[PDB]
Structures are given as structure tokens and as C-alpha cells.
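K.L.:
Residue strings, one per chain:
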Amino acid sequence: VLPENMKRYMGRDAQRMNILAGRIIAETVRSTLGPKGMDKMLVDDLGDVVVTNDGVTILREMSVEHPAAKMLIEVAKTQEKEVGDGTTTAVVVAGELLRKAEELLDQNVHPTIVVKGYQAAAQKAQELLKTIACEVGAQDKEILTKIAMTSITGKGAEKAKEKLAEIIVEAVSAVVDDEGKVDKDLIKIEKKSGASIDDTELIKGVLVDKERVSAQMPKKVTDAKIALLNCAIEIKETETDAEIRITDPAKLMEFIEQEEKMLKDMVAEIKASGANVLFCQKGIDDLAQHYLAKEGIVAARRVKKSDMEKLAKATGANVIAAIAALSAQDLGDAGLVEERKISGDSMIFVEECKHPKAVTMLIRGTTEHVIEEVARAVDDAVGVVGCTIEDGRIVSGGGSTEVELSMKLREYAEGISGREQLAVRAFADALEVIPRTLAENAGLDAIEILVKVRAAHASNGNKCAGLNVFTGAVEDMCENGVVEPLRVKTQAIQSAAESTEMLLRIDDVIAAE
Amino acid sequence: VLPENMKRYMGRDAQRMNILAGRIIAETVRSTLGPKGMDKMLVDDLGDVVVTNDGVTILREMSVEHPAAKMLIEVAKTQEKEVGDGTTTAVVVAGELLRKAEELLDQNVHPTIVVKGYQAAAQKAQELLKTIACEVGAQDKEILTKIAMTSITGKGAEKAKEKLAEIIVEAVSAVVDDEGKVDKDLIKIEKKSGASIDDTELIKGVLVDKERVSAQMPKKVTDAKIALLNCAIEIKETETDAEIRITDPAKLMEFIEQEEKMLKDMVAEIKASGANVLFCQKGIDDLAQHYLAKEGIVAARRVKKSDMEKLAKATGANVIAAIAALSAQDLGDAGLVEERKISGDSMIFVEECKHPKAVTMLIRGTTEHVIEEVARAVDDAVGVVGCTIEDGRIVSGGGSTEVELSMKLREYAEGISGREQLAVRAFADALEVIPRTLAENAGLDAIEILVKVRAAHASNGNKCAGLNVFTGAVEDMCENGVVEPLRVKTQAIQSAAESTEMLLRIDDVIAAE
Amino acid sequence: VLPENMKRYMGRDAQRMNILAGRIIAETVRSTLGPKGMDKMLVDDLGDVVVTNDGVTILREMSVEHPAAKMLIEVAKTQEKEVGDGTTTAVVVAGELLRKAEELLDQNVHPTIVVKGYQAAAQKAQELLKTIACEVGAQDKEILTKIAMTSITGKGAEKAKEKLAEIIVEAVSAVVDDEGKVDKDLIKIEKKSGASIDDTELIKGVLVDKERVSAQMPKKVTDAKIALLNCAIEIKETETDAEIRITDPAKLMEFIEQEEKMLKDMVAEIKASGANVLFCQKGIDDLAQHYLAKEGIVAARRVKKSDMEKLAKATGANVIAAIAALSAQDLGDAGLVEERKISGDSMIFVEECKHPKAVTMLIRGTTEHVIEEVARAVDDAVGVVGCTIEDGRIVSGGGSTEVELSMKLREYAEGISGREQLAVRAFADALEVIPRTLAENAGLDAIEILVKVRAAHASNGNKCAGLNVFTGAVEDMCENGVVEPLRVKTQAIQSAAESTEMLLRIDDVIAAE
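Chains as they are written, first to last, in the numbering used here: chain V, 1 to 513; chain S, 1 to 513; chain U, 1 to 513.
Calculated directly from the structure, the hints in this document are not laboratory data.
Do not rely on the hints blindly, as some may be mistaken.
Because identical chains cannot be distinguished in the list, a pair is counted as satisfied if it fits within a single copy or across any two copies.
[Stated by the list, open to error] Result set (DSS-like, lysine-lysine): computed pairs, CA atoms no more than 30 Å apart in a straight line:
#1 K7 / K36
#2 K341 / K77
#3 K282 / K304
#4 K116 / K36
#5 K130 / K204
#6 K81 / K7
#7 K130 / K219
#8 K116 / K163
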């Protein structure tokens, strides 16, 4: 079936190989875990290098070979989509679970029991998390800024986590509407080198990095009537083949003047709708740009389809395919639409809209790769703040959850018994790697923190413990504002355990020629 | 993940390798440091060679392999963009910091403490620089020419640093407007081989290396009405397909005469606006060139888009896409627009404008590579003079700052304590390399100047010390006019320390296939 | 230091590599563990293949590469020398300890603590074994035959372990003298294909596979006077160079007859001492063989030096270098010395001696490789029976010891605390592999037997438990006669733990060119 040279894994080898794939990924990713986690340097085929700590960015960009690692990536991706955070967490515990899996396989625990114990412990872990979760005001200013900041930590951007929490909490509360469901597409992350991270600021509307196509156009329009076109404002040609046949030099001019009228009529139609701002996804004819300026219409051409959509969301402007199809009902409203140059580049600010459904975050900083790292940092901050509003429960950080999971799943193991209790016992053991490696990356003693934090959690409770890697000692994570959304950690374990078992489900690898 | 043959670095190897990358760059760049710094010979793939001392030019042109060096380059670039100078400085201290970093890593100082100490010492260094900074008149003729000259030194151009300081101080004061914000794009650096560096001179307006498209056109126009076109002055064709069908030899002529009228009408439209100078980004039809000359319009074709923009800035002329779109409001004013031949080549001088927002500096010299080196030298001079106006504080040179930083960050280290004080102590040690290598390149004793200058600075103060490599002994840098803008040195350390830590942030390099 | 191509291991790699070496050996050897342990097929460079279960035989014959495995072999060898048994046991727990060692190294337990915990737990294990040991009559017929048989089990020879126990217990009791110290060199293991294993029998004296050099000699001599010569019974030549110069054919005969007299005198000297049995390590002249037969002296030539020594031990015969050096005091006594042909081959039985200090065990069986396997099986049986007499304490088998060690060293770990308790806890975990793999090879469930046997041992005691792989369930090892000498298991753990730590002591491998 396999071509001479193609490698095949089966039984203990298929399981070891899949464990090796997930473990090697987890071995790489686990070093990014925690506030004191490190960075990875990813260099592509062209020489372009990106530095990050985000599990998803790392796994997507790197050139993975093992299919087992390719399935684990789906966890990191659905983590970013569903909750934003929990990337590193889910991958690390997944690789750890796989390490434990082979121990059990060798210790005479059948693979069908191992996958049973993991599914069982994860199902109990869902109940455990739902019952350990600490209820909090979904829109509480304080918890929102605490969730935001704690997500930001372990990244370079944390130097301004206070300004960023304020920005992201405001943005999410705006676009989330009710309490709630958030759409991350309504919050744009824009970045422009120059200034510092303290200068990063939220714009209640849409910021695009475009210019006014004519110098004759106003540089600022208030009470703006935004029209969105996706076609070019040029002389259209019909579908049916057609050519003009000039018989007179006056007739050559008869057409020239007709194209002048045409482009004027195109602008007159925009004007007729009541529009005075015009964003065209395609180009705008040089003559039409003059006509646009003549009618006091401010305009930008070649607008990114994504930018056209954000504008539609914020202003309520309607992207129209055909210019003829424009109507007054297609116009959006903005308080102010103004052309501004920041760090030399022209960008148009569409702000102060009536009821903006989309906002833009303008990130500043001393270097492109810094504001790039910041852009990733705040992307997660939006996610996790949205998670806290969508589900009004949060949990203590510093490994307090994973410690609760160890304590209670080890008790759960006892109820299960048989070889199935070793599978559950090993599941809990794997989940302990997070508390362990959170501090491992901080340079703290895995042994001391393991005993003292475990005892402190078990005795003092859940919202009255956890390990603080910042002081290098057990603290009160809840009092210190070190909390994350319930969704993050519940989805992290769920998906991580499921993909891990999935890897453990395969007993044979068949490669096509 | 990595293809067989691809190299991977992790832990101590990833850190050593990144230190080696930055150190090798710093080892190369540190030889350019100071008034007695040397030059680098950069030879490309085609054989074209450039000689320079500018850190940015060196790093951009050279073919860098290490991603760590690729991130350090961003410091050199943002240095040139933000402050102009501090290229060498930032790179050198960055590589030195990296050397110290591994010492600390081996000495049992955890990488998370090293990056903490550097960030901490740099944050204190910002306060130290803000408090050591010496207040000066932002527009003071003297400090402006002193900043200009001290930036110029260590370059071949310093032979005429007096004439260059006068030129650059005037140019910046003009375009900077208030006190202030300077746009370096408003000051053009033009160069033409011939004459000497003493012949370099400032033109209050825009100089372009173009000619008058017709010999029939005036060679000098006063009280000029400048029109800017970006399209060609030719017979346009419509978007819709069209062809002329001639049925008579008189009708062939009917069209020929219509194209004559057309191009005449195009010129008549320029004339109708009141224009008498015409810069076309595209070509001009031979017949239209005659019509332009007939109406007394001086014109140049194929003008660089950059040149069109500088003309718009200076004269207030408005670049118009379509000839039909021309209006009187699109005209700029210039006192004199005149065609002059210097060193054989034709160039048009647009000078003595009403309120020029852009100026041009015409550099002369005995060789192209000399006036090339001068062009780079004065580019920095513009930057740093702008820095002094933007922030009305300057600092003493001759390593006096870096010595203040050593003295006070070593005291700062004491307050920090733990292993964190070694990180801060090493940070200060790294910053000392500048005082050390400034004189290293001069051929002065690193040991003697280190003791005597340190004591002299600590005892006598900040604006009453520093090392003068020109006499090879401690002097009074402030009295001798050896000062640089606060912005240069503050941005230099900030970005250098941040990119250094960034390099220290990576613990693992992943290369894609 | 190392030649290009030579591999070098250090830190985590030196430790992993050494663990891999010991673990791979242990992974191979652990399959031989227990009554249901399997065999290994060792094929040399010449094609000669040996099948065995004995750890020493396996490790000596196989071509080991890793120096770590080369040090572990010393444990298996000193096991065979000191106690006979405990080969597999010591190697298995050694490799297991090494596996645990890296777990602890990764879990932030410093290698100096790991080696401390193992040394500490092994020192406590010595006390634990000395206190768990069950006192037994050193010469008790029953325990002696039980020790013998339990050692024999897991080998092919166990089919006749009853006859073999009787043979070995008698042999050891004879040569051990007091209670006691046994010399395994006093018990010879002879083997000859033919008959069955039931026909194996003990000869109270020495059996050699030699013949009577002359057909004229008696085939049986009673009340035998044994003389041992190591030189040949031939015409000696002097050290100083000398040659005979014959001047007459009568004189040629004068010498010929002198050599006849010489060899006669050599025999006459043997006769003069009172000897009537003669074993010559070297050859015997054909004429001298006749003279020996003439005097009624039975003789064998080219006797193995080992055979000459066993004869000296049993009979009290004294090996004499020079024939002239023979005296009456050099003679040994034997009840009967008789030439017998078994399976076609001639062998001389020297039996029924006055006070034999050496005995011979004649092994029979249907194939050479069977009686070869039996020879190895009974070699151990001699050792372990000697161990029980040398130290009058025995211990229950079926992993009962190792379970006691797990239970009490896990309690010991608690007293130790710190990271040192994990080292002791892991030491105990490693010692559990024996109970686990004893039944692993039987095809029993590692999980069920681990829980039920642990509880059964902890509750019921030490001499009232253990796992019986023969019924596949916990039993009473003591009641069922499944016991081994204290010496075996105490030496096994001691040496195994020491060599394991030794492997853990190395942090760097230096290979000479």
C-alpha cells in the first residue's frame, strides 16, 4: 500500500509515534506557559521571521510533519476561535496525557481503558469546573479589566496592560451588545509604528489606512453620509461585444464629452442618494475623482473588502455592487470622517457614529514587531473579556483550577476503580503539569510549590489560593486579580483531552503513495 | 518540523546563537562608533560598492542571516526615523548587553531576571536621562549648529561641518514650523558631482534635475504660477473601445487638425487656470510642447512622483490627475522658476516662494561617492537638529551620558538587590562600552580614560566632563559644543535595550521547511 | 579530545544515554524474570548459539557497547559470585531506577539528591531486609531443598528440581563444612549427553572424563593411593645444552636401555611412595605406560589443571611438579578409583574417599544443550543453598520482599521529606517492577496483582503473602516453599542500587582516540 521508503507505525509504535509528535509539540509549547513563559522564533522559507508566545501563531506558521501534531493544532485553533486563550494550556496537557498514556499501555492498561479514563475524567472535570467556577458580574468594570490584563501577561505588551484593559473592555462591551455574545470581527486591531504603547487608543468607529483620492476634496466631513461601492467608478463596458465607429472629429468629441457626462452622472447618482463620503473597493477614474470633489464628496479607492465590511457594521453603510443600485437606504451615518496623517501615512478616521457596531484599536509602539506582538496580545484580551460576559463565571489562575482538578479527579479515580482508576489518576497527573510548568518557566522549584500550593488549595479553597509566579510563592489569586474566564479553561481541557484521546484512538497509520 | 539539514537552537544554544548574531553585528558596527570611528565597505551581488559609517545603511544593505540581527536592525531603522542618530550607539550596547546576558545565565541568574534587570535599568535610565538632560533654547542658533556639527563628525563631510550646520539649521527651522515637529520629507538632499563641498548651498524651494521640454520656452519665469499634472499631455483614448473610420483624405486631415486643436485645448486649459509653469509626471506630446511654448508656459515631463510632491509642498501647487480637472485653486506660487545647468546637467530651480514648506539642499564635491557620503552625513544633521527643536533638551557627548548611566544604574542595582542587581549591574557595564569604544577607535587607552573620565564625571558633573577623543583626554563637552539631542540617546538606549531583551526572550528557534 | 566522528554525551544527554543503556539491558533482561520468565538466544560471531535465562551468561556473552551497561554487568557478576542468584532482579530494578532518575531530573530534583535518595532508601532497605528476614535452620533439609528448587524454577531443568535439590543440598552440606562458608569450586558440575535428567546423580569424589593410558592397567582400584604429577613422565633433558656422542652400536643400546631404566625408575619412584593411581597433567611416555601397568599403577595423562586441583581437594592428593619430588606425604586416599564408560566415553570415577572435600555432579539428559541448561540451573542452586547456610535467614518470594520495600520505603520517604522524599519514593517505585514483571511474564494482570497483593502483604504480613504466578493469584509463599536466601535479595538491591547511582554519578563521557 505504501511506496518503498514510506514509514508505517502500528500498535505500540503508532501510539509512541503519535505521543512523540504531541509531546515534541508540547515540549516546545510548554516553555511559553505562564506569565514568565518565553518566546519562540519562527523563521519561514523566505527569511521572514516572527517572534511570539501564542500557541496558535506558533503551530500554524511552523511546518508540522506528524499528523498527530496536525490534529492537536485544531485544539489551539478552536481555542482561539471559541475562547481566545488556553492555547498553550491545552497543548501542554495534551502532550502530558500522551506521555502518561504509554506508561499505562506498558503497565497493562488497555488503550480502550486509557481513552475511557480520559474521557471520564474530562467529563467529571467539566462538572468540577462548573462547580468550582466563581460567579462574577458579567459587565463588572473591575473583573473585565482583570481578565484582560491576566491574559495580556507573559507577553511584551503587559508593560501597558492597564491602558490595554481599558481599551479592550470598552470595545467588547460596545460590540457584545447583550450579556451576551461577542463577535471579535466587530473589533479591529490596527497597528502603526511610531509613538509608544501608551499612545495606543480606541476609536469608536472604523480606521482605514487610506487617503483622499483628490486634493480638492474636504479633509473633514461631519454628519457624514457614507456610501460603499464595490465596483470601480469608471466607464463600464457592456457584456455583449460593442465598439464605437467614429466618422467625424466632432463625433470623437461627442463621445469624449459623453464619458465626461457618464462619470459626472455616476457622481450625481452618489450625490442624489445624499452621500458625501465614498469608499470604493475598486478604482476611481481620475475625471470622476474631480467630479466627486466638485460635489464635495470625500472619497477613497481600492478599499480592502474587510475594510468595506467594518464600515458597513459601524456606520450601517451598505456595500453596493452597481452604482445604479445606490439608494438613500444604502447610506450609513458617522459623526466625523476625517483624513489624518500619523507617522507620515494617511489614514481615514470614521468615528463618533450614531450607534457604532464596530470599533477600531490603533496600536502604537517604537517598532513594527513590538506593535505586532501587541496586536496578538490584545487579540486574546478581546476574546477572554468576551468570554467573561458570555458566561458570567471566572476562575482563579496560578494553577488553582488544575490543582482542584488533580485533587478531585484523584478522588474520582477511586470511585472508578479497576485499571480505569489509573487512567483517571494519570489524567489528573497530566493536568498537574500546568501548575508545575507555570513556575518551571519562572525558575521556581517544581517540588516546593507542588506540595505547598496543593496543601494551600486543598485547605484554603479555590478562590483562596494558587501560585503567584511573580512573587515566587503561593498567594491569593482572586484577591490579586489573577483570574481567567471559565470558558477558557473548560474549553481548554475539553478540547485538549478530546484531541489527545483522538491521537490515542489511532492504532495504525496508512500513507498513500 | 524542520527539514533534514535545518539547524535548531534551544535554551543555552538559542541564547548563545542570538547573542552571537547581535554581538557579531555589534563587533562590526562598534568600529564605526565615535568621531574617530572608521568606515565599512559594502559590496553587493552586482559589484556596486558603497562605503559608509551609518549603522542603518550598513545593516540594510548587508545580507543578514541571523533573525536576531534582523530584529536589532529595526532599532537602527527606528533610530533613523525617530531621531536620525544613535544608530551605532544602540546596536553596540545591544550586542554588549547580550554578551553580559550569557555571563549572568551561567552565573545562575535566570533569563527572566536578566530581562527584568535590563527592562528595569532602562526604565530608570529614561528617568536618569530626563533629569540629566540640559535645557537649551529650542531655536538657539548656537546649539542648533553645535548639534548639527557633532552629528556630522566621524564622517568625511565634517571638513565642511560649519557650512553644513548653517544649511541644515536653516532648513529645519523653516520646515519645522513650531517648536515643534519636523518632517524630514520637507528637506530634500540633492547631490551633483563637481565643485567642492564648500559650494554646497541651500535653495529655499525645490530643485529638480529636469529640463525645459522645448527650446522655444522661457528659461526663467518670475512670479510663477506652477501647475502639476500627473497624466500625460497627449491625445487620450476612451475606456470603451473605439476606432476612427476614414472615408476621405480631407477627413483624415479633419481628425489630424482635431488632435492639433485637442492638444492646443489642453494647453489652453492650463493657460486658462493662469499657469505658466507645468510639471507633468508623465510625457508631453511634441506638438503640445510647441503649444506650451506658444502660450509662454515653461514645462518639464516625466517628473518623479517624489519631485511632484516636493513641488506641491513648497509652492502649494496641486497635483492633478486629469487635465480637465485643473482649476485656478490648483496653482502654486514661486518667486522664480529657472532652468540652470550645473556641471553640464540641466536642473530647474523653483525658489523664493511666498511661504515655502519644503526646501532643497544642493550638495557639491569632487566625487559622486564623496557627495554621496555627504548626503548621508547631512541627512542625520537634519534629524538631530529637528530633535533639539522638538524637545528643547540636549546632553553632553564624549560618553558623559553613558558614564552617568553607569554611575547611577550601579546605585540603582543596589536598591534592586538579589540576582536582579547583577542584571542591572551588567546592564550598566554594557552601557560603558560606548565611552570605552569611542576612544578605542581613536586609539586611546580604554583603561586610563575609564578611570579618569569616570572620576571627572562623578566629581565635576554631567555638563562639566566627558572624554574628548580629538585631544585624547577628558574635557568639557558642553563648553566645547560636543552635545547631542536628548531624544537621540534616550531613544537609542530604550530601543536598544528592548530589542536586546526581545532577543533574550526567545528560547527556541523553529524554522519552516 | 575526541576524534572527528566520536560521540560525546553530557548533562541531560549523558544521563539519558546511560539510562538508555541500562534500560535497554533491563528491557531485555526483565523478560527473563520469574518462574514464568522466558529465554534468550545469543549467537556469537562464529555461529555458535547459546540459549539461557541467566542474567550473567546473557550479559557476558552479548557484545555490549554502552559503558553504563558494562558497569551494570559487574552487578550481575558479583551476584553470581557472592550469592549465585539475583542476576535478573538486580539488573531490572537498576534500569527501572534509571528511568525514574530522569523523571526526577526533569521534575526539578537535582542529580545529587537523586543519588542521595537511592543510597538512603537502599541503606534503609538493608535494615528493612534484615528485619523482615525469616530465621530458619541453616542445615534444615526442608528449607535447603526449597531454596534449591525455587532457584531452579523458571529454567528448563525444573522438571527434575526434586532430584536436583537433593543432589545440590547434599553437595553443599558436604563442602560447606561449618554453618558456614561454602566454596563453589569444591562442587563440580559435569555433564554428558544421554539418559534423562532423572539419571543425574552425585558422586562423592571427583569425576574426570579421562581413560586408562594402558589396556594392561587395572580397570578398578580400591583403597587407592592417588599421586598427582604435573610434569610429563618422559625422558627429561637438562637446562644446560648437552648431546650424546655414540661411538659404538652397543653404546647406542647402552643409552636406549638407560632410558628404559630411567622411565622404569620414574615409575619405581611412584611405586616407592606407595601410589597406585597416577594423574599426570602432561603426557606419559608409551614405555613408561607399560612400566606403570607392570607395577599395577592405573594412570591417565594430559589431565586438566582444574581436574588436578579437584582431585587434590577430594583425596588430599598433592600435585607435584617434579617426579623426584614425590613422597608418601603427597598421596591422597580414595575408596574406589574406577574407569567407566557412560554414553560410549571413558571417564574415571574417584569416589568414596575418606573425607572428600570436593564432589562431582554428573548431569544426564536427552541433549547437550539441555544438560547445558541444567548445568547453569544447578550452578545457581549450589550458590543459593550455600547462601542459606552461610546466613541462617531466608525471605518469602513472589515479590513479597520488594512489596515490603515499597510499603516501608514509601514511609521512609515521608521522614526524609524535601525533594529527597521523591528520590526515595521513586526508588520504591522502581523496586515494584519485580512484583509487576514476575507476573507480566506469566501473562497476569499487573494492575489486579498490584492492588490485591499489596493489600494482602500489608495486612497479612511478609511470610504470609506474595504473588504465586503458578496459580496466577496471591498465595502464601512461605507455606508453598517459595523462598530465597536473605543474601540473594539483599546483595541484589545493594549492588543494583550502587551501580545505578554510579551510572547516575557520570555527567560527561570522554572517549580517547
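K.L.:
A separate judgement is required for each hint: does it hold in the structure or not?
P.N.:
Here is how each hint holds up against the structure:
no. : hint        : in the structure
1   : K7 / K36    : between (39 Å within a copy, 26 Å between copies)
2   : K341 / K77  : between (36 Å within a copy, 20 Å between copies)
3   : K282 / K304 : both (9 Å within a copy, 25 Å between copies)
4   : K116 / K36  : between (34 Å within a copy, 11 Å between copies)
5   : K130 / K204 : neither (35 Å within a copy, 35 Å between copies)
6   : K81 / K7    : neither (34 Å within a copy, 33 Å between copies)
7   : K130 / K219 : neither (54 Å within a copy, 37 Å between copies)
8   : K116 / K163 : between (46 Å within a copy, 21 Å between copies)
When the structure is compared with the earlier hints, violations turn up for hints 5, 6, 7 and for no others.
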